[PDB]
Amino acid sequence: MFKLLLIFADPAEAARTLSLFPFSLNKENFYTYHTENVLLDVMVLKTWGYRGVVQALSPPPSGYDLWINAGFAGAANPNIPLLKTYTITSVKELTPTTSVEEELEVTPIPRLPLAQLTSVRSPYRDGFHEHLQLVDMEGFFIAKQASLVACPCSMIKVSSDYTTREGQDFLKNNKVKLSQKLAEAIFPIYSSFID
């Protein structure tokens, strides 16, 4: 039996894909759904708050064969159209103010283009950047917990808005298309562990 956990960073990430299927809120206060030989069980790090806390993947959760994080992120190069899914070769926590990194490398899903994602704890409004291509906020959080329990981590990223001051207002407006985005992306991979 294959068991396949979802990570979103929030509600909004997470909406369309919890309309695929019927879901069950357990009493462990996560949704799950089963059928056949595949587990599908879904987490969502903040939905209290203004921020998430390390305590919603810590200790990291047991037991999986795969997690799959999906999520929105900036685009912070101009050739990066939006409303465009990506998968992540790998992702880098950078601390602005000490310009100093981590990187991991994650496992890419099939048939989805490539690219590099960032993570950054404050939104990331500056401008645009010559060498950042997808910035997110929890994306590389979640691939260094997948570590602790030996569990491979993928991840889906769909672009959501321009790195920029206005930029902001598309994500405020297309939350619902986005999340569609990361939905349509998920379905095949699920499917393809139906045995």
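Numbering follows the first chain given and starts at 1. Each form is matched to the other, and the largest set of C-alpha atoms that superpose within 1.5 Å is called the rigid core. What changes on going to the form deposited in another entry:
- Just a single entry of 47, 147, 32, 164 exceeds or equals a 2 Å CA shift between the two forms, which is 47 (rigid core superposed).
- With a cut-off of 2 Å and the rigid core superposed, residue 95 has a Cα displacement that reaches or exceeds the cut-off between the two forms.
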Contents of the next structure:
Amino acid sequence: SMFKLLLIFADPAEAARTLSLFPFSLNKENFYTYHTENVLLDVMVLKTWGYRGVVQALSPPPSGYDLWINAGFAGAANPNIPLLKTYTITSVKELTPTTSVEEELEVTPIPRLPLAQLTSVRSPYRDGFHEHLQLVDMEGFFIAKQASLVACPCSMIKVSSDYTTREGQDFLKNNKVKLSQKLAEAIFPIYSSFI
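With the form deposited in one PDB entry already on screen, would you show the form deposited in another entry?
Left out here are the partners and the other molecules; the chain alone remains.
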């Protein structure tokens, strides 16, 4: 009767505009809560990027949510992907050598968002395009692993923020507010569908 939603952001800049949507109360550092009659909306901001940040924040993982959403910026490893476009993820993997048996996790799509697949890396991915790759981040695979430990559905909202090239970073640098606002505008309709 009260939907309990946990939002997870890798970085305060990515979380900024979502945190402006609601008069969140700051519960402990990097953890915000907005508690209404129909919806509990908690926002976790990791302290650092990647597996390390996920581990520090989500082990043991919290039990009791109805859904987790990892929302963040993602690199585009295909130049046909436009930037500033918000996707929902259908499955996520970790980047491994091509010979390695790939481990792919199914993810719960968010309605009304275009679909994409996600690969998480442990070091910045910059050797350009190619080839079984669409969107690239550093947290999503590991968040999904932690969610599976509590049998909690996991969705991801990823906004294309840069191409995975050395030169592609300039766009991220000039557009952080707009990218953060894209995540916010995809999250509000979710909250509102329970309110």
